[PDB]
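Omission of a single protein chain aside, the complex is shown with its protein chains in their original locations.
As written, the chain order gives the labels A and B, with residue 1 at the start of each chain.
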Amino acid sequence: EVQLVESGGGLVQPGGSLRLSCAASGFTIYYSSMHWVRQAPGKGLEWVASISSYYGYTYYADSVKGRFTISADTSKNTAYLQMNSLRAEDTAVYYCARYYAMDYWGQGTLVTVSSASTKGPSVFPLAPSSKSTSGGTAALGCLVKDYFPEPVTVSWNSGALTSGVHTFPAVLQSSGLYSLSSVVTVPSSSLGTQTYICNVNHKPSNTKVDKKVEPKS
Amino acid sequence: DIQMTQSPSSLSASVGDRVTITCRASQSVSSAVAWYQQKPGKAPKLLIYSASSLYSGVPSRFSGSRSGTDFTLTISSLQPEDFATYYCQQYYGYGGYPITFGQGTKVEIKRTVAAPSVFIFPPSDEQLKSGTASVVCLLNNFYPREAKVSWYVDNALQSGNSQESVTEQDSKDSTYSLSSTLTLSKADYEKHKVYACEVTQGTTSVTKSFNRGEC
Partner (left out) sequence: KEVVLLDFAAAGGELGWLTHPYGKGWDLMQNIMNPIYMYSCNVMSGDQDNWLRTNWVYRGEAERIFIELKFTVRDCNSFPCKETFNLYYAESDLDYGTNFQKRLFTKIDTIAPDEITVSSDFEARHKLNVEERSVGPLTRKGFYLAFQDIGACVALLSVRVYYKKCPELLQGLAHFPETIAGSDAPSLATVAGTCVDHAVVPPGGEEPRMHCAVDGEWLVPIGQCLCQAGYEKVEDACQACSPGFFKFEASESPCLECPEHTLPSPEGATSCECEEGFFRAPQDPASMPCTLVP
(Lines give C-alpha, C1' and ligand atoms only; values in the text may rest on other atoms or scores of the structure.)
Protein backbone atom coordinates (compact mmCIF):
# COMPACT_ATOMS: atom_id res chain seq x y z
CA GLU A 1 0.00 0.00 0.00
CA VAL A 2 0.97 3.62 0.61
CA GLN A 3 4.18 4.03 2.62
CA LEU A 4 6.47 6.97 3.58
CA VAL A 5 10.11 6.61 4.67
CA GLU A 6 12.25 9.33 6.21
CA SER A 7 15.98 9.90 6.51
CA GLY A 8 18.56 12.60 7.19
CA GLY A 9 18.48 13.41 10.96
CA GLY A 10 21.29 13.79 13.50
CA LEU A 11 23.43 16.24 15.46
CA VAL A 12 24.38 19.66 14.19
CA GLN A 13 26.23 22.41 15.98
CA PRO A 14 24.19 25.58 16.60
CA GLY A 15 23.98 27.64 13.45
CA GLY A 16 24.64 24.62 11.24
CA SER A 17 22.77 23.18 8.29
CA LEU A 18 21.14 19.82 7.57
CA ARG A 19 18.89 18.30 4.89
CA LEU A 20 16.00 15.88 5.36
CA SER A 21 14.50 13.42 2.87
CA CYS A 22 11.01 11.89 2.61
CA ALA A 23 10.92 8.84 0.31
CA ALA A 24 7.43 7.96 -0.87
CA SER A 25 5.95 4.87 -2.52
CA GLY A 26 2.44 3.81 -3.46
CA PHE A 27 1.23 7.15 -4.89
CA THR A 28 2.30 10.00 -7.17
CA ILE A 29 3.64 12.90 -5.10
CA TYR A 30 2.72 15.41 -7.83
CA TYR A 31 -0.96 14.71 -7.21
CA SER A 32 -0.60 15.21 -3.43
CA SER A 33 0.56 18.03 -1.17
CA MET A 34 3.40 17.08 1.17
CA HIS A 35 4.01 18.63 4.60
CA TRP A 36 6.67 18.55 7.33
CA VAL A 37 5.64 18.47 10.99
CA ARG A 38 7.95 18.42 14.02
CA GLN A 39 7.26 17.25 17.58
CA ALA A 40 9.62 18.68 20.18
CA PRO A 41 10.65 16.08 22.82
CA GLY A 42 7.65 15.57 25.08
CA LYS A 43 5.68 18.43 23.51
CA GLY A 44 2.85 18.57 20.95
CA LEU A 45 2.81 18.80 17.16
CA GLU A 46 3.93 21.93 15.30
CA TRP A 47 3.54 22.47 11.55
CA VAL A 48 6.76 23.33 9.67
CA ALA A 49 6.24 23.42 5.92
CA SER A 50 4.03 22.53 3.01
CA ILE A 51 4.58 21.98 -0.68
CA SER A 52 2.24 21.25 -3.58
CA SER A 53 4.07 20.52 -6.82
CA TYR A 54 0.79 20.71 -8.81
CA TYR A 55 0.50 24.46 -8.15
CA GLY A 56 4.18 24.99 -7.25
CA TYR A 57 3.52 26.87 -4.01
CA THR A 58 5.69 26.52 -0.89
CA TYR A 59 4.18 27.47 2.50
CA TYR A 60 6.33 27.97 5.60
CA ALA A 61 5.78 28.59 9.29
CA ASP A 62 6.82 31.84 10.91
CA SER A 63 9.40 30.38 13.27
CA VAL A 64 11.19 28.75 10.32
CA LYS A 65 10.62 31.34 7.58
CA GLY A 66 13.85 32.24 5.79
CA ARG A 67 15.92 29.49 7.47
CA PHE A 68 14.28 26.31 6.14
CA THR A 69 13.66 25.34 2.51
CA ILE A 70 11.09 22.90 1.28
CA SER A 71 11.56 21.21 -2.08
CA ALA A 72 10.43 18.18 -4.05
CA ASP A 73 11.88 16.07 -6.83
CA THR A 74 9.06 14.83 -9.02
CA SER A 75 11.28 12.13 -10.59
CA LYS A 76 12.57 10.53 -7.39
CA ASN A 77 9.09 10.59 -5.76
CA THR A 78 10.76 12.25 -2.76
CA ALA A 79 10.21 15.39 -0.67
CA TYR A 80 12.92 17.33 1.15
CA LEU A 81 13.39 19.93 3.84
CA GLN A 82 16.68 21.80 3.83
CA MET A 83 17.47 23.32 7.26
CA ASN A 84 20.07 26.10 7.62
CA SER A 85 21.11 28.36 10.53
CA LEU A 86 19.68 25.87 13.04
CA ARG A 87 19.14 26.73 16.71
CA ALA A 88 18.51 24.63 19.80
CA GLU A 89 14.73 25.36 19.71
CA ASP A 90 14.62 23.36 16.45
CA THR A 91 15.46 20.12 18.29
CA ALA A 92 12.58 17.77 17.63
CA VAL A 93 11.41 14.71 15.76
CA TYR A 94 10.44 15.61 12.16
CA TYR A 95 7.60 13.80 10.32
CA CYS A 96 6.33 14.04 6.75
CA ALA A 97 2.73 13.39 5.76
CA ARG A 98 0.47 13.38 2.75
CA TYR A 99 -2.44 15.81 2.34
CA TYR A 100 -3.61 18.65 4.63
CA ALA A 101 -5.76 16.21 6.55
CA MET A 102 -2.61 14.13 6.96
CA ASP A 103 -3.58 10.50 6.30
CA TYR A 104 -0.27 8.61 5.87
CA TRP A 105 2.65 9.51 8.08
CA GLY A 106 6.33 8.73 7.97
CA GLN A 107 8.00 6.97 10.82
CA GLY A 108 9.84 10.09 12.01
CA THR A 109 13.52 11.17 12.13
CA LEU A 110 15.28 12.87 15.04
CA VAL A 111 17.14 16.18 14.67
CA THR A 112 19.35 17.28 17.59
CA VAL A 113 20.68 20.82 17.60
CA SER A 114 23.25 21.58 20.28
CA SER A 115 26.83 22.46 21.04
CA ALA A 116 27.36 18.99 22.57
CA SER A 117 29.77 16.21 21.64
CA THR A 118 28.72 12.67 20.77
CA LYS A 119 29.83 10.43 23.61
CA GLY A 120 28.96 6.89 24.58
CA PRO A 121 27.22 6.37 27.90
CA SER A 122 28.96 5.69 31.18
CA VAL A 123 27.14 2.76 32.81
CA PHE A 124 27.10 2.36 36.60
CA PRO A 125 25.50 -0.42 38.65
CA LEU A 126 22.49 0.29 40.86
CA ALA A 127 23.64 -2.46 43.14
CA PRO A 128 20.94 -4.22 45.21
CA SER A 129 21.34 -4.63 48.95
CA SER A 130 22.88 -8.01 49.63
CA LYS A 131 19.63 -9.08 51.39
CA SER A 132 15.99 -7.98 52.05
CA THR A 133 15.05 -4.30 53.06
CA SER A 134 11.71 -4.59 51.18
CA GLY A 135 10.13 -7.99 51.73
CA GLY A 136 10.92 -10.99 49.57
CA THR A 137 11.81 -8.75 46.58
CA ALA A 138 14.92 -6.69 45.71
CA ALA A 139 15.56 -4.07 43.02
CA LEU A 140 18.73 -3.55 40.94
CA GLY A 141 19.51 -1.43 37.93
CA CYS A 142 21.80 0.49 35.61
CA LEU A 143 22.58 4.22 35.64
CA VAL A 144 23.17 5.49 32.08
CA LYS A 145 24.93 8.80 32.68
CA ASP A 146 26.44 11.54 30.52
CA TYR A 147 25.76 10.47 26.97
CA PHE A 148 24.81 12.42 23.86
CA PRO A 149 22.62 12.44 21.81
CA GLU A 150 19.40 10.40 22.22
CA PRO A 151 18.52 7.58 21.69
CA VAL A 152 19.73 4.85 23.98
CA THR A 153 18.13 1.40 24.22
CA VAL A 154 18.45 -0.85 27.25
CA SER A 155 17.61 -4.52 27.65
CA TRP A 156 18.24 -6.98 30.49
CA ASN A 157 19.92 -10.39 30.12
CA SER A 158 20.06 -10.09 26.29
CA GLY A 159 16.31 -9.52 26.24
CA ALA A 160 15.56 -12.76 28.10
CA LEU A 161 14.37 -10.83 31.15
CA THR A 162 11.41 -8.70 30.16
CA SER A 163 8.85 -9.05 32.97
CA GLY A 164 8.97 -6.29 35.52
CA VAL A 165 11.57 -4.09 33.84
CA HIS A 166 11.27 -0.28 33.93
CA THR A 167 13.47 1.91 31.69
CA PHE A 168 12.99 5.62 32.32
CA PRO A 169 13.03 8.47 29.82
CA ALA A 170 16.30 10.31 29.71
CA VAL A 171 16.68 13.65 31.50
CA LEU A 172 18.74 16.45 29.94
CA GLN A 173 21.17 17.51 32.63
CA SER A 174 22.61 20.95 33.18
CA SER A 175 25.87 19.55 31.77
CA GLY A 176 24.12 19.30 28.40
CA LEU A 177 24.31 15.50 28.33
CA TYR A 178 21.53 12.96 28.88
CA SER A 179 21.21 10.60 31.82
CA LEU A 180 18.79 7.79 32.40
CA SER A 181 18.30 4.79 34.70
CA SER A 182 16.93 1.31 34.10
CA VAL A 183 15.65 -0.91 36.96
CA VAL A 184 14.15 -4.35 37.45
CA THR A 185 12.71 -6.13 40.47
CA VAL A 186 13.57 -9.79 41.14
CA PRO A 187 13.26 -12.24 44.02
CA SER A 188 16.05 -11.77 46.58
CA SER A 189 16.59 -15.51 46.79
CA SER A 190 17.78 -15.36 43.14
CA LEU A 191 20.54 -12.80 43.82
CA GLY A 192 23.08 -15.49 44.62
CA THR A 193 22.37 -17.77 41.65
CA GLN A 194 21.03 -15.82 38.66
CA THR A 195 23.36 -13.31 36.98
CA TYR A 196 21.95 -9.91 35.95
CA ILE A 197 23.49 -8.07 32.99
CA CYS A 198 22.05 -4.90 31.50
CA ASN A 199 22.71 -4.17 27.86
CA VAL A 200 22.94 -0.46 27.14
CA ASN A 201 23.05 0.20 23.39
CA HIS A 202 23.93 3.61 21.89
CA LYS A 203 23.87 3.48 18.09
CA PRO A 204 24.91 7.20 17.71
CA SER A 205 28.48 6.31 18.74
CA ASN A 206 28.42 2.59 17.80
CA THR A 207 28.81 1.76 21.51
CA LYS A 208 27.26 -1.13 23.42
CA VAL A 209 28.07 -1.37 27.13
CA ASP A 210 27.22 -4.59 28.97
CA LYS A 211 27.15 -4.21 32.76
CA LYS A 212 27.03 -7.18 35.12
CA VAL A 213 25.21 -5.85 38.17
CA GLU A 214 26.39 -7.70 41.24
CA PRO A 215 24.93 -7.51 44.77
CA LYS A 216 26.84 -5.26 47.13
CA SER A 217 28.19 -6.54 50.47
CA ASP B 1 -2.50 32.41 13.14
CA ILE B 2 -5.62 30.58 14.37
CA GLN B 3 -5.53 29.07 17.86
CA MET B 4 -6.94 25.64 18.68
CA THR B 5 -7.69 25.28 22.37
CA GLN B 6 -7.96 21.62 23.27
CA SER B 7 -9.62 20.85 26.59
CA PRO B 8 -8.89 18.99 28.69
CA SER B 9 -5.12 18.68 28.84
CA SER B 10 -5.56 15.26 30.40
CA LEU B 11 -8.38 13.01 31.53
CA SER B 12 -8.54 9.64 33.22
CA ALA B 13 -11.35 7.18 32.43
CA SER B 14 -12.10 3.48 32.53
CA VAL B 15 -12.73 0.90 29.88
CA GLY B 16 -16.19 1.26 28.43
CA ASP B 17 -16.78 4.87 29.45
CA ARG B 18 -17.92 7.44 26.92
CA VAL B 19 -15.19 10.05 26.48
CA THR B 20 -15.46 13.55 24.99
CA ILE B 21 -12.65 15.91 23.94
CA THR B 22 -13.41 19.47 22.88
CA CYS B 23 -11.36 21.75 20.67
CA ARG B 24 -12.49 25.35 20.22
CA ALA B 25 -10.99 27.45 17.44
CA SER B 26 -10.41 31.18 17.74
CA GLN B 27 -12.22 31.76 14.47
CA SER B 28 -14.71 30.03 12.21
CA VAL B 29 -12.74 27.25 10.52
CA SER B 30 -15.65 25.84 8.43
CA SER B 31 -15.10 22.06 8.41
CA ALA B 32 -11.32 22.11 7.97
CA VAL B 33 -10.73 20.12 11.16
CA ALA B 34 -9.07 16.76 11.71
CA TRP B 35 -8.46 14.65 14.81
CA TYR B 36 -5.34 12.47 15.32
CA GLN B 37 -4.22 9.69 17.68
CA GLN B 38 -0.61 9.17 18.77
CA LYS B 39 0.48 6.26 20.91
CA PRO B 40 3.87 6.89 22.55
CA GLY B 41 6.75 5.98 20.28
CA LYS B 42 4.58 5.68 17.16
CA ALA B 43 3.64 8.54 14.79
CA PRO B 44 0.21 10.24 14.72
CA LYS B 45 -2.73 8.52 13.10
CA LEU B 46 -5.62 10.23 11.32
CA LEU B 47 -9.08 9.55 12.80
CA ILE B 48 -11.55 12.20 11.64
CA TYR B 49 -11.48 14.51 8.62
CA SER B 50 -13.90 17.29 7.68
CA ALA B 51 -14.61 17.34 11.39
CA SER B 52 -17.41 14.78 11.05
CA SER B 53 -16.20 12.13 8.53
CA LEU B 54 -14.63 8.90 9.71
CA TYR B 55 -11.38 7.91 8.05
CA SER B 56 -11.88 4.64 6.24
CA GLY B 57 -10.55 1.90 8.48
CA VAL B 58 -11.03 3.68 11.80
CA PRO B 59 -13.40 1.84 14.17
CA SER B 60 -16.79 3.44 14.12
CA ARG B 61 -16.86 4.05 17.88
CA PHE B 62 -15.04 7.28 17.02
CA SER B 63 -17.22 10.16 15.89
CA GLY B 64 -16.59 13.83 15.26
CA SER B 65 -19.12 16.63 15.62
CA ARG B 66 -19.18 20.37 14.98
CA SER B 67 -21.23 22.95 16.83
CA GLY B 68 -20.08 26.23 15.32
CA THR B 69 -16.45 26.58 16.33
CA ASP B 70 -16.63 23.76 18.86
CA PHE B 71 -15.26 20.51 17.52
CA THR B 72 -15.70 17.37 19.58
CA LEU B 73 -14.12 13.97 19.21
CA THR B 74 -16.27 11.32 20.89
CA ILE B 75 -15.67 7.67 21.68
CA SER B 76 -18.75 5.58 22.46
CA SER B 77 -17.03 2.92 24.55
CA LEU B 78 -13.35 3.32 25.33
CA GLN B 79 -11.45 0.12 24.34
CA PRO B 80 -7.96 -0.64 25.78
CA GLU B 81 -6.37 0.18 22.43
CA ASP B 82 -7.77 3.70 22.81
CA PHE B 83 -5.63 5.00 25.69
CA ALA B 84 -3.34 7.46 23.91
CA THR B 85 -2.92 11.19 23.24
CA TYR B 86 -5.26 12.96 20.83
CA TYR B 87 -4.63 16.11 18.79
CA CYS B 88 -7.05 18.32 16.91
CA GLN B 89 -5.81 20.16 13.84
CA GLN B 90 -7.31 22.89 11.65
CA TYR B 91 -6.40 23.33 7.98
CA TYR B 92 -8.64 26.21 6.96
CA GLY B 93 -7.72 27.57 3.55
CA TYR B 94 -5.40 24.68 2.64
CA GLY B 95 -2.34 26.86 3.02
CA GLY B 96 -3.76 30.35 2.91
CA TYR B 97 -3.12 30.46 6.67
CA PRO B 98 -0.69 28.48 8.85
CA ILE B 99 -1.68 25.04 10.16
CA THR B 100 -2.15 24.90 13.93
CA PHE B 101 -2.79 21.98 16.29
CA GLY B 102 -4.59 21.49 19.53
CA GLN B 103 -2.38 21.25 22.53
CA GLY B 104 -3.24 17.52 22.87
CA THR B 105 -5.28 15.37 25.31
CA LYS B 106 -3.73 12.29 26.94
CA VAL B 107 -6.25 9.61 27.90
CA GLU B 108 -5.05 7.35 30.75
CA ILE B 109 -6.53 4.29 32.48
CA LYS B 110 -8.43 4.81 35.73
CA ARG B 111 -7.21 2.52 38.49
CA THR B 112 -7.38 1.74 42.21
CA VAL B 113 -4.84 3.59 44.38
CA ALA B 114 -1.47 1.81 44.75
CA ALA B 115 1.33 2.58 47.10
CA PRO B 116 4.90 2.98 45.83
CA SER B 117 7.62 0.56 46.71
CA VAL B 118 10.40 3.01 47.54
CA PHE B 119 14.00 1.98 46.92
CA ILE B 120 17.14 4.01 47.40
CA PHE B 121 20.50 3.38 45.66
CA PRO B 122 23.87 4.81 46.82
CA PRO B 123 26.35 5.96 44.17
CA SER B 124 28.52 3.14 42.94
CA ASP B 125 32.13 3.05 44.00
CA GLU B 126 32.90 2.89 40.31
CA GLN B 127 31.22 6.26 39.69
CA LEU B 128 32.71 7.85 42.78
CA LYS B 129 36.15 7.40 41.18
CA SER B 130 35.01 10.06 38.66
CA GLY B 131 34.21 12.98 40.99
CA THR B 132 30.38 12.98 40.75
CA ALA B 133 27.85 11.10 42.90
CA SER B 134 24.41 10.20 41.59
CA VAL B 135 21.83 9.13 44.21
CA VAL B 136 18.73 7.37 42.90
CA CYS B 137 15.30 7.02 44.54
CA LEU B 138 12.91 4.57 42.92
CA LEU B 139 9.09 4.52 43.25
CA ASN B 140 7.88 1.23 41.77
CA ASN B 141 4.33 0.66 40.41
CA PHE B 142 2.16 3.26 42.16
CA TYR B 143 -1.11 5.12 41.47
CA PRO B 144 -1.85 8.02 40.84
CA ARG B 145 1.11 9.87 39.20
CA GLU B 146 1.06 12.78 41.62
CA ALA B 147 3.78 12.48 44.25
CA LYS B 148 6.06 14.84 46.14
CA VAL B 149 9.58 13.41 46.17
CA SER B 150 12.09 15.36 48.23
CA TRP B 151 15.74 15.00 49.17
CA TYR B 152 17.03 15.48 52.71
CA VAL B 153 20.80 15.39 53.29
CA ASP B 154 21.45 15.27 57.04
CA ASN B 155 17.90 16.63 57.53
CA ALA B 156 18.55 19.70 55.35
CA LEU B 157 16.01 19.75 52.51
CA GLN B 158 17.90 19.65 49.24
CA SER B 159 16.41 21.89 46.58
CA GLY B 160 17.65 22.46 42.99
CA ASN B 161 20.12 19.57 42.53
CA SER B 162 17.50 16.95 41.67
CA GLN B 163 15.99 15.54 38.44
CA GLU B 164 12.99 13.24 37.97
CA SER B 165 11.60 10.79 35.37
CA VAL B 166 8.18 9.07 35.06
CA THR B 167 7.33 6.06 32.90
CA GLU B 168 4.31 5.63 30.66
CA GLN B 169 1.39 3.86 32.32
CA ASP B 170 2.05 0.15 32.68
CA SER B 171 0.29 -1.97 30.06
CA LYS B 172 -0.34 -4.88 32.47
CA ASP B 173 -1.48 -3.20 35.73
CA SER B 174 -1.78 0.51 34.81
CA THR B 175 0.65 1.75 37.46
CA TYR B 176 3.19 4.53 37.11
CA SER B 177 6.85 4.20 38.08
CA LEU B 178 9.12 7.09 39.05
CA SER B 179 12.77 7.89 39.71
CA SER B 180 14.31 10.94 41.37
CA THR B 181 18.03 11.51 40.91
CA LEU B 182 20.19 13.72 43.14
CA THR B 183 23.53 14.87 41.65
CA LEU B 184 26.36 16.09 43.90
CA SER B 185 30.10 16.52 43.63
CA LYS B 186 32.29 13.76 45.10
CA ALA B 187 33.54 16.27 47.69
CA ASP B 188 29.98 17.09 48.86
CA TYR B 189 28.91 13.44 49.14
CA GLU B 190 31.90 12.29 51.17
CA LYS B 191 31.23 15.07 53.73
CA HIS B 192 27.74 13.94 54.80
CA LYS B 193 26.37 10.87 56.63
CA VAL B 194 22.61 10.41 56.33
CA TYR B 195 20.98 10.42 52.90
CA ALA B 196 17.20 10.19 52.71
CA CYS B 197 14.32 10.17 50.24
CA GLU B 198 10.77 11.34 51.07
CA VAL B 199 7.70 10.19 49.07
CA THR B 200 4.65 12.18 50.19
CA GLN B 201 1.40 11.07 48.65
CA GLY B 202 -1.98 12.05 50.00
CA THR B 203 -1.89 11.48 53.77
CA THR B 204 1.15 9.14 53.86
CA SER B 205 4.93 9.67 53.58
CA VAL B 206 7.23 6.67 53.08
CA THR B 207 10.89 7.65 53.66
CA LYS B 208 13.87 5.48 52.58
CA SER B 209 17.43 6.27 53.58
CA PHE B 210 20.94 4.95 54.07
CA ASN B 211 24.19 5.45 55.96
CA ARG B 212 27.57 5.59 54.18
CA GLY B 213 28.90 3.23 56.85
CA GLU B 214 26.45 0.34 56.24
CA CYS B 215 26.19 -3.04 54.41
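Here is the rule we go by: a contact is a pair of C-beta atoms (placed from the backbone, for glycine too) under 8 Å apart; a residue touches a chain by one contact, two chains touch by 3 or more.
Contact with the chain that does not appear here is found for just one residue of B:53, B:207 or B:211, B:53. Only one residue in the set B:30, B:74 or B:200 touches the chain that does not appear here, and it is B:30.
When the full complex is taken into account, the listed residue touching the unshown chain is A:101, out of A:4, A:51 or A:101. Touch with the hidden chain on the side of subunit B covers residues 30-32, 49-50, 53, 93-96. Although one chain is not displayed, subunit A still touches it through residues 31-33, 52, 54-55, 57, 99-101.
Everything that follows uses one rule, which is that only the chains that are shown with their structure count from here on.
The distance from the centre of subunit A to the centre of subunit B, each centre being the mean of the chain's C-alpha atoms, comes to 18 Å. Subunit B meets subunit A in the complex at residues 1, 32, 34, 36, 43-46, 49-50, 55, 87, 89, 91, 94-95, 98-104, 117, 119, 121, 123-124, 126-127, 130, 134, 136, 138, 140, 163-167, 177, 179, 181, 183, 215. Of all the residues in subunit A, the ones that touch subunit B in their complex are 33, 35, 44-47, 50, 52, 57, 59, 61-62, 95, 100-103, 105-108, 122, 124-127, 129-130, 133-134, 137, 139, 141, 143, 145, 166-171, 173, 179-181, 183, 185, 216-217.
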